[PDB]
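The chain below stands alone and is given as structure tokens, in the form deposited in one PDB entry.
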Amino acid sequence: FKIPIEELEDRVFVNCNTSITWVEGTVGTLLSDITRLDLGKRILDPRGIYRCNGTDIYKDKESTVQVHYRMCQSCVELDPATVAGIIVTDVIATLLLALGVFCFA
């Protein structure tokens, strides 16, 4: 009875008994047909929430899939040594600028 999140080449889908609802999260590209809703790109990080009711075989049931996707195309991998070097040399350069301004004044 759990909602079968189905993965295409670049799309996600949601299936349940009643019309695929929307309570919170991303809306996506709505399709008028029941049990078939695509959010579009997986890169947009789908994070929608789709409550639902029970089916005929499973009456008075509830399948709340809080579908969460984190495939970040904008992530970075910080390098601590590089960050420390950049910070230290920026501090040194700012100190030297202050030295020059003081020497002038």
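Positions refer to the first chain, counted from 1. Here, rigid core means the biggest group of C-alpha atoms that superpose within 1.5 Å across both forms. What changes on going to the form deposited in another entry:
- Once both forms are fitted on their core, the CA shift for residue 27 between the two forms remains under 2 Å.
- Comparing the forms between the two forms on their rigid core, the Cα displacement of residue 66 stays under 2 Å.
- When the rigid core is held fixed, the Cα atom of residue 37 travels less than 2 angstroms between the two forms.
Alongside the form deposited in one PDB entry that was just displayed, please also present the structure of the form deposited in another entry.
One chain, no partners, no other molecules: that is all that follows.
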């Protein structure tokens, strides 16, 4: 079944005709009305499973929805050549320090 969720102004909410049953995941917060549940900021990666009955023709109906948001606020850009560049720089630097302590010894 279609569980409608909307993305108003960096916040994510779950909207249903009736109450929201919570399964393991981000609990979030509830608004002034029980029928709508708030999941917080979009860039906080809200992940969870939620349940809700519909109305009219759907009632009685069981519905389950899984929400999976994967934002890259914790991602970086580096091609394999660039990576190899950093490991090369650190290994030559470490060997340079090793040479220095060799001269000290």
